[PDB]
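Below you'll find only one chain, the form solved without the named molecule, shown as structure tokens.
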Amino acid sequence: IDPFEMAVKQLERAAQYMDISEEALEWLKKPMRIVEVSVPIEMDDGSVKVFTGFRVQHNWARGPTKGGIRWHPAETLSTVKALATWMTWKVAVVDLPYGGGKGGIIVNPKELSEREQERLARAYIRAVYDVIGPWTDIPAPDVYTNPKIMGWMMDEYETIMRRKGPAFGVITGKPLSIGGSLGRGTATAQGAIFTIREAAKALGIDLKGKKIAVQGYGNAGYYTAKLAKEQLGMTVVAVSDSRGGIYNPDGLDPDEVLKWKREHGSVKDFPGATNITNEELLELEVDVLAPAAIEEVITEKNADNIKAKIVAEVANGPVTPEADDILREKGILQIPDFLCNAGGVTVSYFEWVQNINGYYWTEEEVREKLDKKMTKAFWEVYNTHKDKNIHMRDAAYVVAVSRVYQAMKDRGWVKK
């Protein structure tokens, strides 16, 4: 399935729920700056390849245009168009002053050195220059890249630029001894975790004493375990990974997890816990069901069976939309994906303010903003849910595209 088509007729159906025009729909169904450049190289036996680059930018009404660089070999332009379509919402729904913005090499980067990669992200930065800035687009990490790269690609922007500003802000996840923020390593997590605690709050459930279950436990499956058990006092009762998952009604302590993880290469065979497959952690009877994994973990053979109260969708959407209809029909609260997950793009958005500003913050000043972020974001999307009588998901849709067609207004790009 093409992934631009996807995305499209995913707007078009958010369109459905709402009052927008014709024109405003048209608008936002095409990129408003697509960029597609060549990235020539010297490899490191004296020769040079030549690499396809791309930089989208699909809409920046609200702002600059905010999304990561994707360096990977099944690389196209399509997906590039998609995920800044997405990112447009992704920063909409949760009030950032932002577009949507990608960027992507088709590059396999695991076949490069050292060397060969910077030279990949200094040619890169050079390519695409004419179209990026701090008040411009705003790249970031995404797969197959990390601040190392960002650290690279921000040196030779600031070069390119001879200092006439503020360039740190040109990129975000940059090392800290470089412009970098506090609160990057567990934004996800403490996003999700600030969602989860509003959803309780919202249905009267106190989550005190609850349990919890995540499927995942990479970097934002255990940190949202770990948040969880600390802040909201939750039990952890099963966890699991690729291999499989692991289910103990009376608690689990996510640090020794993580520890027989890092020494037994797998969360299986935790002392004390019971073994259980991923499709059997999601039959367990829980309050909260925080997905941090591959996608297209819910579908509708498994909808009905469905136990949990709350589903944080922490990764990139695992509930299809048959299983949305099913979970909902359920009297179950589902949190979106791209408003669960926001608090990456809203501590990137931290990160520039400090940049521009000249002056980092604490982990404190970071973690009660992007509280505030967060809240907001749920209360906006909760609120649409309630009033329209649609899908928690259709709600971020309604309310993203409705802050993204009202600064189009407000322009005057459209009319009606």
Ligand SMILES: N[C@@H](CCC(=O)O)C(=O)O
The other form holds:
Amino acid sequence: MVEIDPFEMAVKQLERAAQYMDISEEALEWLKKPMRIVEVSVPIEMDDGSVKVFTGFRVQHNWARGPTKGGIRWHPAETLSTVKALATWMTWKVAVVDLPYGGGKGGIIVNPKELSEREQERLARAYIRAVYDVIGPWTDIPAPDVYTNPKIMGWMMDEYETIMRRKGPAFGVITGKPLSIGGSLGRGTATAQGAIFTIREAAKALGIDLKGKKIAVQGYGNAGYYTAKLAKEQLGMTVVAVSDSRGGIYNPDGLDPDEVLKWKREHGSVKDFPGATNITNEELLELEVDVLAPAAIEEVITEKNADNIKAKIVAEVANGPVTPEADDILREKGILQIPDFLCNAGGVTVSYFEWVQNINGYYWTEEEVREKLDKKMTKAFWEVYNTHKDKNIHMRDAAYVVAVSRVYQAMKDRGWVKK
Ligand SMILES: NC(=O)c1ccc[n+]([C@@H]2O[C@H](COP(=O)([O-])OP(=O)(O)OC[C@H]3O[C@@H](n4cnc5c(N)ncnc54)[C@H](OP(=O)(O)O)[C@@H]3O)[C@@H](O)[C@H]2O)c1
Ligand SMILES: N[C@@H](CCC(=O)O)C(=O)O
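Having seen the form solved without the named molecule, the form solved in complex with the named molecule:
Okay, now the whole complex, with that chain kicking things off.
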């Protein structure tokens, strides 16, 4: 259902942004192709006793800066191109906030809503058994993503530890784990906290007081719900509309995120929430708000609605929710955009913190994680902002100049590319 191919779009963005920097042709060709792709068959036993084979992908795009990092997406509409694009974005995501990581991603073409608990556990364990040879605490560190949660992360960690015979830091093979089995404090609200920090910095740059303003959030998952909650709590914002895959609810007077979450859990969706009006995702994206945070499937803003966006700041919590064309239209409209791999870099940052805690065997507190995350996100955002201001270019491009250059430097320090 995607407007354009995700990997093609990602490559187009990379070229469009490399047009504003000095990079050799060979380095560009290296960066336009994932470094390793592994397609595996994942066989599991269903509840009725039959054996079903799913398709799994583990794509690492580059590991010049360090071990690759990226979540695992469970999605019926997933394609290898989507995983390649996500790994490519992961690379820039970890480069922009200066982490010793490369870019990676994983996925399974499956509808998890049609799978039971035992089937989900079997699927996670079989995926680990399939991709064990390309993952590790120093090779490839998976994490939670769309339709995956810390539960599945703990199952995957247990399977990896069983295969690995407890020879090294198995806890560090995967992030977003439960706190009991080597989890990190603040990882649950990581991406939301990073998005909130970036929104606050953007408002500071734009000279806008966020108290009493309006935020519309698309998607009510681990990122969308926590983003709405933190915006209502920390920034003093008024959440006027939320949504999920079945539709959204809008309220001019504001919504309480906890009640909406309870209604969603007790009914399966946020639709027909009391005191709110049912709308579509297309209608929510077009609402008159001060901040719009897409936290759902990619490619939600295209030439079919780019001119209808009326938000002062668009916080791309999701991975690649805006097309380059739509980026040009929004920039022509004077709308500030927080780039996708900079806005939601808080999640990968706290995942890096969890990995450090796991490999060192020493765990931090909430305050330390909160301070380090704030420091990293503020530095990265201000670097990207000053970059886009000095060169008079789009935000997305500027972050690329901040990110790709670092990656480029790594290759020149490894001898991968001579020029
Ligand atoms: N997961 C992470 O740790 C993390 C960290 C940083 C960034 N991100 C990015 O943020 C995005 C959201 O991830 P997540 O962890 O929030 O996923 P999630 O919590 O597992 O679920 C995503 C939510 O979005 C809704 N949704 C799914 N498809 C949609 C569509 N086509 N239109 C509108 N809404 C839709 C779903 O509603 P239903 O409940 O009705 O299905 C679901 O509640 C992802 O694209 C991811 O790349 C994720
Ligand atoms: N934004 C990344 C971060 C995941 C991680 O912690 O590695 C994703 O979920 O795709």
